[PDB]
Amino acid sequence: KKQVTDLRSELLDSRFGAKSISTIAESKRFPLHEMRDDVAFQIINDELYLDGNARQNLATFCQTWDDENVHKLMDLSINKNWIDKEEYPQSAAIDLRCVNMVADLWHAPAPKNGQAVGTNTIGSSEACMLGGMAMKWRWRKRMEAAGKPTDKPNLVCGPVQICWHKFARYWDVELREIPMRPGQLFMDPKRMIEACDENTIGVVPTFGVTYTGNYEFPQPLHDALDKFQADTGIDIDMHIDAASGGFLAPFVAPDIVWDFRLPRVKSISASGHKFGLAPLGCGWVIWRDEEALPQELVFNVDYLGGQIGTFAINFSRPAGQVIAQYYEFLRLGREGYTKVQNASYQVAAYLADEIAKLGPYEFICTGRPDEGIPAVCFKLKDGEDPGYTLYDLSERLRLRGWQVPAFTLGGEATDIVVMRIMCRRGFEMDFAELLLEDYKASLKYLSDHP
Amino acid sequence: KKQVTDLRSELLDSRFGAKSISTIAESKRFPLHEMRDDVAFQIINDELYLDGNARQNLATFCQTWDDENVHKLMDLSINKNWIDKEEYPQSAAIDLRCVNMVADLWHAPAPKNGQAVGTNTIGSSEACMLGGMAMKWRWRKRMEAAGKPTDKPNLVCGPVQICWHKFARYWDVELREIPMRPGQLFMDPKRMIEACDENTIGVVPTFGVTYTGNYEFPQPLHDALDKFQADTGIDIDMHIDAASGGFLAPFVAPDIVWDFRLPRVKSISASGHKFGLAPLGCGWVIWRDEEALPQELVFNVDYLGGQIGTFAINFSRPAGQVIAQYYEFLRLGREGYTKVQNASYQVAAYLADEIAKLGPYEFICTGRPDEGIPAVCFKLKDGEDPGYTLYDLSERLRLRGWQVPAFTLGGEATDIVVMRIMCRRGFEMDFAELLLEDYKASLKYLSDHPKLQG
Amino acid sequence: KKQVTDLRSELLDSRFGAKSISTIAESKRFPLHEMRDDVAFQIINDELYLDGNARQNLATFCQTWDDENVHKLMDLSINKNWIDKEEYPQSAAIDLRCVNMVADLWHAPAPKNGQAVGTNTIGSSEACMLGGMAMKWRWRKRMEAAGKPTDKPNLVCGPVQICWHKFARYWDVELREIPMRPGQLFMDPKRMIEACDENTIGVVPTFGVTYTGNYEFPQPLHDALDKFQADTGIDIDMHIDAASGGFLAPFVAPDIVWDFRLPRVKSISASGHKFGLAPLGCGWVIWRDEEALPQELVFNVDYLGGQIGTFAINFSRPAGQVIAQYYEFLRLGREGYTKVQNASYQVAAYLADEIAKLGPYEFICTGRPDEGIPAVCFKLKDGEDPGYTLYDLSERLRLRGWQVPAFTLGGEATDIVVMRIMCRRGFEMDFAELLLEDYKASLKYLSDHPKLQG
Amino acid sequence: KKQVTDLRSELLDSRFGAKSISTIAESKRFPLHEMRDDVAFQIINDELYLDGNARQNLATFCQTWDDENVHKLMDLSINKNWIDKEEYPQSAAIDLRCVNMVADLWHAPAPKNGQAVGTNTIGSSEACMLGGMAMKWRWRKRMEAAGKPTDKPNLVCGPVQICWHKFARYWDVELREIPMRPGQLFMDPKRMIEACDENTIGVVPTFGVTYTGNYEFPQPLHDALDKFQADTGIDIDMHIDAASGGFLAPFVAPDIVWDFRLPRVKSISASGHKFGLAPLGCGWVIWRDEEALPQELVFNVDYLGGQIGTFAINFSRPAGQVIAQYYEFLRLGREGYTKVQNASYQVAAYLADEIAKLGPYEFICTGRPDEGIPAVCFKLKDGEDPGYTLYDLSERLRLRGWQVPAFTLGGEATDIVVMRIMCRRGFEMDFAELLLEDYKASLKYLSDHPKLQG
Ligand SMILES: *Cc1c(COP(=O)(O)O)cnc(C)c1O
Ligand SMILES: *Cc1c(COP(=O)(O)O)cnc(C)c1O
Ligand SMILES: *Cc1c(COP(=O)(O)O)cnc(C)c1O
Ligand SMILES: *Cc1c(COP(=O)(O)O)cnc(C)c1O
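Protein chains in written order, with the entry's author numbering: chain E, 3 to 452; chain F, 3 to 456; chain D, 3 to 456; chain C, 3 to 456.
Don't read these hints as lab results, they were simulated from the structure.
Any given hint could turn out to be false.
Stated by the list, open to error - Under the rule of at most 25 Å between Cα atoms (straight-line distance), these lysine-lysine pairs were calculated in the DSS-like manner:
{"hint": "1", "chain 1": "E", "residue 1": "446", "chain 2": "C", "residue 2": "114"}
{"hint": "2", "chain 1": "C", "residue 1": "21", "chain 2": "C", "residue 2": "3"}
{"hint": "3", "chain 1": "F", "residue 1": "4", "chain 2": "D", "residue 2": "4"}
Produce the entire structure from the sequences given, and follow the hints as far as they go.
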């Protein structure tokens with residue numbers, strides 16, 4: 003009668019008084035028995051509190067807030083498979099409208115057949131990899147036409163995000179990164195050209211450098227590639243990594259010439275889940291036209307009496323993010339995106355101005371729309387010692403729940419330490435004012451505790 | 003006044019009487035102005051009905067239902083970034099626990115340092131590419147150890163899913179796919195050996211072929227690779243693509259030796275969102291140990307005072323799916339998964355038995371746990387003409403919302419047409435009985451209208 | 003022009019693109035204009051994230067989790083007024099049942115008229131003040147029965163919670179607080195008697211000391227008061243402040259004689275929202291009988307053709323907490339409470355055991371049901387220097403969201419520094435294991451960074 | 003087999019078919035066993051229907067409705083502790099903002115340090131007690147400076163709410179209440195002065211008398227006190243009990259000089275949960291400056307590197323109401339509050355006009371913003387006999403679920419019976435029209451049944 007005794011408790015026991023919640027969760031072997039669903043949920047729900055608060059995570063570029071309709075659309079699409087174009091046909095059609103809209107946003111040549119060349123991805127990483135493969139294949143064909151070897155490809159770039167290093171390693175391409183150096187934390191024309199040769203598959207300007215928040219302007223680089231071809235005969239194209247900038251500049255700094263308005267840009271990628279306002283799991287890559295995308299890389303699938311071209315690394319995945327993306331496009335439009343991005347820039351500019359009053363800092367980024375993304379990036383003025391480092395300050399801020407990263411730059415600037423604050427949607431003026439309060443309090447604490 | 007009058011309507015108009023819903027949604031250019039959020043949601047919500055009913059989609063292998071707690075965990079984790087190990091450390095800790103559990107499920111050698119070698123992925127596609135890259139690299143090392151050229155790698159396999167064709171194309175590897183042929187819809191030992199040579203980076207058995215639903219058993223192939231090494235000195239590894247079988251066999255057919263219990267299996271991949279019961283966006287790949295994974299492919303990141311290795315093609319992505327996976331592991335356990343998979347096999351066998359009574363069919367898969375996944379796959383018996391093709395039957399069933407695919411096999415079986423029914427979680431016996439009723443009705447309709455044949 | 007376009011934006015603008023959310027919230031004067039309700043809610047909701055996580059708050063004794071039915075009862079009762087007995091008759095009746103239940107739990111003499119003498123309160127503070135007032139009044143009557151002056155009352159006690167200092171100040175009573183001494187962090191019989199005299203209105207044993215988590219046992223003190231009356235003729239009563247212990251001992255240590263089983267105990271108070279499992283806003287005070295509560299302090303009100311006495315400092319307040327309490331009483335009962343409290347002690351004992359293996363500590367409280375509440379309290383062994391102070395450790399833990407207090411004891415132990423961990427409902431074993439991991443990581447960091455010392 | 007059979011039933015039985023719901027709820031002793039949570043919730047949920055529909059309760063002054071955002075905010079803050087300023091620092095910050103806003107609303111001298119002197123409370127009762135203690139303490143210091151006894155304090159007031167009778171009893175203060183009398187149901191200057199002497203700790207004018215709904219105007223009384231000091235040298239201050247009026251006059255009758263604009267007003271208290279639109283559990287008390295609040299009554303606590311003074315009777319309690327109060331302040335502003343209050347006054351004025359047409363009534367309050375609160379209070383004209391009493395009418399209305407109190411006034415007006423209708427937020431015009439319809443029906447019934455009179 004022991005079995006019956008324990009079963010009775012298993013039925014009537016409360017959530018925290020239950021035997022199944024009296025032990026530490028399994029972390030080594032596959033669990034043997036099934037257990038009360040409420041206890042299983044409670045345990046995991048509580049463990050997740052150790053992740054901290056996403057709204058206070060100021061180190062990330064990804065969306066940490068979504069409105070009610072996106073929550074509903076995501077829940078409604080939880081089981082809609084993005085890859086099954088024939089089984090989820092309307093989801094696929096929506097995806098295609100987004101491709102057209104993004105292509106239009108980036109000034110891609112108007113599609114004669116009514117459909118821009120491009121695709122949704124899980125994020126910029128996959129988007130950049132697809133962009134890199136196409137870049138590699140176009141180069142191979144160029145060299146084959148020239149009768150030259152194709153076994154030593156290289157890629158020229160500036161302070162790229164880690165996905166490009168992974169591309170380099172996984173696709174055996176030599177990465178020629180122009181290192182940052184004091185006063186020049188990016189790839190300038192001169193050093194770019196110095197790294198280019200006939201084995202260069204392309205150049206990748208980062209329209210919104212992660213480490214600094216500033217844009218690498220493609221035009222001056224584009225001018226240098228034109229000169230290079232006129233001098234050497236070598237014709238190099240560009241892929242713009244606009245993970246962040248792709249959904250900012252079009253709305254707040256439309257005159258910046260960085261997209262398909264530039265002849266050598268054959269493809270551009272961006273993260274919908276960054277400033278594109280979509281929930282985690284949405285990326286985009288667009289090609290200027292069909293000739294920029296080698297067909298050998300596209301796998302066609304049947305779609306409504308015909309066949310659509312697919313180019314992806316992943317296969318099955320949720321279609322909720324693209325649906326959410328389309329919702330934002332329709333609900334906000336250019337007008338809405340401008341208002342939302344302007345709100346971010348206002349907050350970045352505010353913090354930039356206020357923080358400048360509190361210490362001997364030299365800013366790298368101050369939330370200016372014509373210079374980069376809505377972020378504040380600074381370092382202590384060389385030789386200035388206020389009695390603390392940005393690492394200590396970063397730590398004091400974390401005591402209040404904020405994640406504000408302090409880190410060293412790369413290349414020839416490794417001796418420089420910077421602090422970066424990202425101002426995304428959902429980091430409203432009032433909320434950022436609280437951060438300013440904790441910053442002042444942290445400084446005051448560091449001054450009284452040397 | 004016109005302006006204020008229009009604004010008054012914009013504020014007071016009902017959902018369907020509003021001016022903003024009187025037009026066709028944009029599909030060509032980025033929208034110019036903002037609009038009422040309720041109208042935007044409504045328009046899209048309604049368009050999505052044209053996707054049909056996923057619960058009636060019997061063509062997919064992916065989860066079409068999730069319990070309430072998973073819905074809650076997914077909603078709570080909508081903004082948790084899987085890649086940010088330092089910013090979302092407990093999500094990272096949970097993911098690592100799942101790696102251990104899946105590695106354990108597949109009999110991987112127990113990790114001496116407490117952490118198995120492997121990673122979560124968006125799905126089996128990424129998992130397979132990671133496994134494939136590791137294979138190419140290990141092969142290169144093997145060849146370079148003997149001073150031989152590595153310019154012509156090839157991969158030997160059977161009727162694989164399209165992701166392996168993509169792998170071959172993207173990574174410049176020659177795919178040597180042994181084709182299907184009547185009576186042998188898989189990669190048999192004899193033909194496998196024929197295709198293998200010094201340039202083979204590895205063999206990929208499909209533990210659960212999509213086309214037929216049957217398992218390609220790794221053991222007999224393993225025995226062949228042993229003899230192959232004895233005769234030629236060529237040592238070939240295996241990567242098991244257990245996209246479906248990975249979360250089935252361990253529960254309902256433990257006696258099948260297909261995993262790390264086999265020495266040549268250096269890695270295994272499977273889809274959590276298929277029979278792993280996780281929501282779309284979850285896959286797994288495990289390596290038997292440190293030596294099976296080239297560190298040159300791993301990018302280390304800072305994590306709680308130390309470092310964690312990362313091998314992934316994607317970067318930022320939601321952590322909800324892996325959190326949901328862990329919940330299923332904890333809530334169900336071996337006992338629970340066994341009961342859920344048992345229910346699927348019950349239905350598959352029911353339908354296989356019932357449908358057999360309705361026509362001149364030859365079954366390729368009958369939902370037997372010892373032969374493959376919970377699926378029903380059959381063709382019309384050679385030479386018989388019931389007055390209809392499976393294509394016609396498929397179309398009739400679609401009139402009632404069901405998506406039951408009818409298709410021709412590949413290789414040397416391109417003239418054979420099969421119909422496949424997938425029995426996933428959420429396709430309970432009662433629901434399946436309704437399908438059977440529609441099947442019977444479709445058959446009576448086809449018999450009354452002999453012209454539909456063709 | 004401007005007014006119209008502005009209103010359009012006000013109507014169509016999204017949450018964060020709205021002009022109204024472009025500024026800092028008002029904090030000095032009453033706002034002049036009305037604003038979008040979604041923006042007002044959003045701003046406040048977001049500000050509240052700076053409060054941190056209540057579940058990781060290990061400093062509080064109050065409930066930080068409530069089940070769904072309680073969330074529902076509270077929402078349904080948001081506007082039910084506890085004081086209006088005639089207007090909310092059944093809420094009143096339920097409250098009265100709770101009084102009988104708590105009185106029963108504490109062994110109060112069975113009430114002849116079917117209703118125990120006592121009342122619900124906002125918390126132990128008001129309850130203690132009511133008990134203190136009755137105490138002062140009974141003392142006055144005793145003194146007046148012999149024609150003696152009542153201008154110099156004093157109250158004898160040990161390491162009491164701040165509410166007794168407030169009672170002493172507000173009601174002009176001299177608080178004779180026996181200070182903590184190393185090895186004697188409580189009011190012992192000998193010192194209690196030294197402080198007692200004819201002007202003592204009562205003795206207040208703290209059955210669950212906040213600073214240490216240990217029980218001050220009323221039995222030994224009661225024996226001392228018996229001897230004291232025998233020796234001096236002075237008869238002194240007790241009021242037990244069982245804010246925490248009143249909802250612990252009855253379930254996990256029934257043999258401790260601390261309640262109305264002791265003749266001199268004329269009243270007992272406790273916090274429902276502490277270990278009574280009620281949501282914030284519920285306290286209790288019970289008197290052993292009619293004679294223990296001076297009628298002059300009670301205000302009778304009409305109630306269903308009759309009258310019931312009321313004794314409270316507050317007037318209008320929500321009835322939800324007492325309704326929630328009754329639900330917990332009925333849903334859990336003695337069996338359920340015993341299981342929830344056992345879970346807390348299990349966790350406290352766990353942490354006590356594991357933390358001991360991490361440093362030169364001397365424990366004051368180790369989560370033993372026979373010595374006190376479910377808490378872990380410790381200090382560094384005298385003379386030992388592990389390279390850090392508990393203050394530094396507390397600070398490191400806060401980096402992970404945990405609020406674990408480190409503070410000096412009072413009295414003659416102001417030189418001692420302790421760290422106290424509260425183990426409440428909702429601080430399950432798995433969650434506590436995460437804290438332990440953070441403790442281990444903090445210690446390693448502190449060992450790698452000596453400068454942090456002090 | 004019996005134990006297992008009944009267990010199966012406990013699992014499968016429906017809500018009302020379960021054995022656990024087959025008995026009467028416990029009401030005498032602490033429950034022994036734990037029971038199904040759904041049955042426990044159901045039983046209590048159902049018992050609560052016996053309370054009156056709060057929306058139809060026209061006797062209460064407290065909020066009987068709150069918007070959706072307040073419900074959400076309250077649910078989110080169910081466990082935030084108002085007292086732990088250091089553990090819930092932002093909740094504390096928001097509270098202080100409210101203190102500033104309320105002080106500003108009442109014209110308190112602008113705080114030089116940026117923070118007004120005052121505090122949030124559970125309701126007006128605690129606020130008034132805090133206000134009273136401060137008056138008592140200031141008086142004592144005045145007397146001690148004069149070298150006069152402080153053992154016979156008294157307080158002068160008009161028809162105050164019961165909380166002042168409690169203050170008087172609990173703090174041993176002699177209450178000198180000026181009684182109501184025909185013609186003047188309040189404290190007039192002449193009779194106030196006649197009760198004042200050197201032992202008077204202060205005067206408490208009620209800015210919104212509960213019994214009548216009319217305001218007691220502080221100005222003429224303040225004038226009398228100035229003259230009294232000039233004639234006797236006795237300096238007496240005031241504390242305004244603006245429980246209701248505090249959140250009315252500022253918005254709809256700005257010109258009434260009743261607040262800090264008056265020199266003798268050293269403190270004011272009001273109920274946030276009455277016309278302040280906050281949910282039950284919120285009150286306020288503001289002091290004109292630091293000098294008006296004796297420091298010996300404040301207990302300072304650590305707050306963000308500094309210290310914040312606290313003065314409260316309760317300790318732990320929910321922070322949800324203050325957060326909700328701040329939300330209302332921000333969402334409505336002076337514009338929003340004026341609209342909501344104007345709404346109540348329009349409804350009260352409507353009922354007053356309509357009810358006057360139905361019988362021989364003499365109105366004491368007709369919902370005029372310059373005279374008092376949004377209420378209707380009347381009596382039968384002296385001598386007139388319509389064939390019923392207001393008690394009978396009150397009873398007929400209760401048959402329709404309405405709670406409309408009928409009661410006798412106090413003092414020298416005990417022979418006067420009045421009926422009072424409270425028009426709160428949420429008692430919209432349409433709703434009140436239904437009441438008017440029932441009032442007419444009750445009258446027609448009382449006329450058709452003459453023997454009901456009495
Ligand atoms: C964040 C980022 C990426 C990676 O994009 P995901 O969306 O995280 O995959 C790539 N490039 C740049 C410049 C980035 O900022
Ligand atoms: C479905 C499937 C895949 C692809 O897996 P995803 O989760 O869709 O990426 C790969 N291999 C096999 C055998 C499959 O069935
Ligand atoms: C917490 C506590 C109090 C105060 O009770 P509240 O519920 O916070 O008003 C009083 N006494 C003791 C011993 C306590 O622990
Ligand atoms: C209602 C009222 C009180 C009591 O205030 P609570 O908020 O109910 O505690 C005190 N004075 C007056 C004049 C009142 O109307």
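Hint by hint, here is what the structure shows:
Only pairs whose Cα atoms come within 25 Å are accepted, and residue 446/E paired with residue 114/C is accepted, the gap being roughly 23 Å. Restraint check: the Cα-Cα separation between residue 21/C and residue 3/C comes to about 17 Å, which is no more than 25 Å; the hinted pair holds. At roughly 15 Å between alpha-carbon atoms, residue 4/F and residue 4/D fall within 25 Å of each other, so this suggested pair holds.
In this structure, every one of the numbered hints holds.
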